[PDB]
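Certain chains of the assembly are absent from this excerpt, and the rest are unmoved.
By letter and in written order, the chains are A, B and C; residue numbering begins at 1 in each of them.
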Amino acid sequence: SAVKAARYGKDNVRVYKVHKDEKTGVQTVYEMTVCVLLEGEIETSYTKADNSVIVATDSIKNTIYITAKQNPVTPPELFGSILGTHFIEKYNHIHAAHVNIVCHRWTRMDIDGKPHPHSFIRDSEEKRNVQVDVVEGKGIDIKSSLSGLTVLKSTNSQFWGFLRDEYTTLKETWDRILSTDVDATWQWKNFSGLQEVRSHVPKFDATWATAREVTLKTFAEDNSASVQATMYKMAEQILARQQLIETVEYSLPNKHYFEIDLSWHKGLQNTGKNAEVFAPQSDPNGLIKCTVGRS
Amino acid sequence: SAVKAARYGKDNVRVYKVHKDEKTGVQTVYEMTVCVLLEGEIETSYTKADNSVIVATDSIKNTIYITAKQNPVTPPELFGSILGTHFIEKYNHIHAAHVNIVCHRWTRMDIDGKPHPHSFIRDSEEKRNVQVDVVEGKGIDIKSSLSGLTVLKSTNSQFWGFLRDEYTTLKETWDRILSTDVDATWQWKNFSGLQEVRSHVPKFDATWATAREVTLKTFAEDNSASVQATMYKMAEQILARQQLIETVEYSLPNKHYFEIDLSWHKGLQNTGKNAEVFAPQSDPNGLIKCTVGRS
Amino acid sequence: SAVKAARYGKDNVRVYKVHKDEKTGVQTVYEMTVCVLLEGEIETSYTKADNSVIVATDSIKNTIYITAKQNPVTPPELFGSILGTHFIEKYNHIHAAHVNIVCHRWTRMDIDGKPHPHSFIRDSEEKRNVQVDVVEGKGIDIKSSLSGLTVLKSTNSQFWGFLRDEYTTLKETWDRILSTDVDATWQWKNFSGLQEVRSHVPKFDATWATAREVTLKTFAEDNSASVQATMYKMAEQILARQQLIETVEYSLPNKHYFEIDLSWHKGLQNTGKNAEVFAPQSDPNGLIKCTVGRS
């Protein structure tokens, strides 16, 4: 036998950073969970008990904190690029660094109608993420995403005209609830290195904002023919509004809300146009995916 | 042996309800998770296999949906009171109904600066809850709460002057991070029945709003001497602003953020006034509780 | 306003301890999660920013580790008693210590038919717990429990003869699946102090073993008339087999498995005596409780 693939590092590194404005007194906080996995000429640590090739995962942890101290942690695309570049430049035998960052929300509080200088609220478990792959000789590959964006619309969702055969019991509908947890990823053009990533820094926050806005507006406004049709409209718009993105991926659960027939009880009408009370279904769920690129 | 206590019913009943405005077209959604447990002359179901005294938990589930169809589900204090009253009035041998409701957030979306008539976002896993205990001959006892309100302030928290002995290693501080998940409960004066609960209906949403506002403003603005001192200020204000509340309870974790000494690496200064990067601690956590009443 | 109740301390303290046998080489591991909350003359920490009365939660954490180093951590009833007694004896103004311990499973591995001296497996997330309340002048109150014991029987469960009215749709059955997560608590006679707790130490492991054995055998062998009837049989047996227990409490979810009618598809028969494939329901669930004492 032989090693065909190997990567290792530190997962679940929680990181907080505060920025304190000298002039205004305004403080801004950032909180992340970071994973860094390394590849390189490390197979002998597996096959020969050769630990000399291992940058200790504990050291990778130290390096995450040191890099956060000495560099911006925002946008996460930049921080991940800096972090990944460090490992492949510092260690001759390390040839790839894979950096995953989950950003947690700390939204500035409004108190009596005014923004507070140092108090924050976790307004939802929605995350902003990056996957940054820094590979020697292949530049920097960045996937940006938002996830855990949970939404519901109470009407203007339809699903009819699907295939019907002997396995089919689902009734066609022209008015249903649609609810999902949005997981949306945009994949950037390859960057040649840190200089090029830095040259595009404003685009990262801007494109995240675009992706989120397009998602919410399209969800709210599309009289949806299916999850498939709606998610495609989101993707196509995002591609049209940032040329440095090559693809957009959506993964959407269809979190079903079932009508409840109550007519067995005193002829109570609670279906169709009379449907008011529904049973949210924890499982199973439709799962719909696509990757959209340029034609 | 003998039955000393018994209660039973249905837990984790997910409920959605939509209200559709005939005139404006605006839709409003409500989503809850409901538990109803009953007490009464039911001990023989345990001791003698006498199922004749059991209102099936499946029937309790049906009743939750039927009651939601025929009554307002908002405020949850009212819905719980109606639900609990139903069981003790309908069944001669049922003498108490214990109703727990967890309300999930579905906040109306703003699209292009305008509120959308039928699209919603889960803006955080913060919950609004009630515990409604309807007991024959003892009226209706309601505990209202908010929970999972997660907040952080980056300065203006202190902790010094605590007891120091041979078990103590904690250094005094005049500037630390304070973060918590707020669990706050206000206990209403006993209500004599549904008429009295209904007579106070506007107060339930209003007092929830007060509790939340006081929590956020006090957290943000108090130069905190301790979690103990700050949570007491919250409680005292809430009691002063709603006379129909008898007690306020807080349960607050102190979700620690530790400084990281990096001076071992190139003399990097990251402690005290130089502290920028911190290690959020998943565990353990301080846990601070109090119940505040009127003097 | 005034403080009506207050308690505070450290939650979620993870603790591991290893015992190494000098003579045999056999090692034994223990892992727990500990919470200690204190009460006493501490109200001024809430009302007057008086931290002088606060034994820091950080110090409580230190004390948990120190006590584990200097004392047995098994049985958890003993460790909790020692821990709680420490706080009320050490601190004049602390009058109660509330100690919760969750014990995690590390079962010795069998390798090639022989027990291994230092390798362990988490064989299930079933927990063994204690709640130990040490109150000055009121001795030591111990509640022992097992929880997260998940079981299923595929037949020999019935449920018929329950109340039927206009809210009822549940069909009577003489053969159903029964599955639950067992939460069972036995409450000990009050102990006067550490000497009396220590005098009964062998009974704690023995009674836990009895409770578990009775639970499993009764579940497996009872042709169950209801969850109510079966859980009562468990309790009554436990009380009969340990006289130092005053009450037994069970809390049992009925984790429903629904038949699936497939007759719409090629007349497939999958109900009643033909039922083979079922839909496990995540929610809702029946929830059945009782506390059984001596007659």
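Here is the rule we use: a residue touches a chain if its C-beta (ideal position, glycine included) is under 8 Å from a C-beta of that chain, and two chains touch if they have at least 3 such contacts.
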| item | value |
| --- | --- |
| Full complex stoichiometry in copies [only 3 chains shown in place] | 4 |
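Here is the rule we go by: only the chains that are shown with their structure count from here on.
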| item | value |
| --- | --- |
| Touch-based graph of the chains, sorted into line, ring, star, complete or other | complete |
| Most central chain, judged by mean C-alpha position against the global CA mean | B |
| Chains linked by the largest number of contacting C-beta pairs | B-C |
| Subunit A and subunit C: spacing of chain centres that average the CA atoms, whole Å | 38 |
| Distance between chain centroids, defined by C-alpha means - subunit A, subunit B (Å) | 29 |
| Two or more partner chains touched - positions in subunit C | 167, 169, 283 |
| Touching residues on subunit A, where the partner in the complex is subunit C | 166-167, 169, 264-266, 282-283 |
| Subunit B residues within the subunit C interface of the complex | 1-14, 35, 37, 42, 45-47, 49-59, 61-63, 66, 91, 159-163, 165, 167-170, 225-229, 231-232, 235-236, 239-240, 247, 253-254, 283-295 |
| Parts of subunit B lying in touch with subunit A, wherever the complex brings them together | 14-19, 27, 29, 31, 62, 65-66, 68-70, 106, 109, 111-112, 116, 118-125, 149-156, 177, 216-217, 219-221, 257, 260, 262, 265, 268, 270, 275-280, 282 |
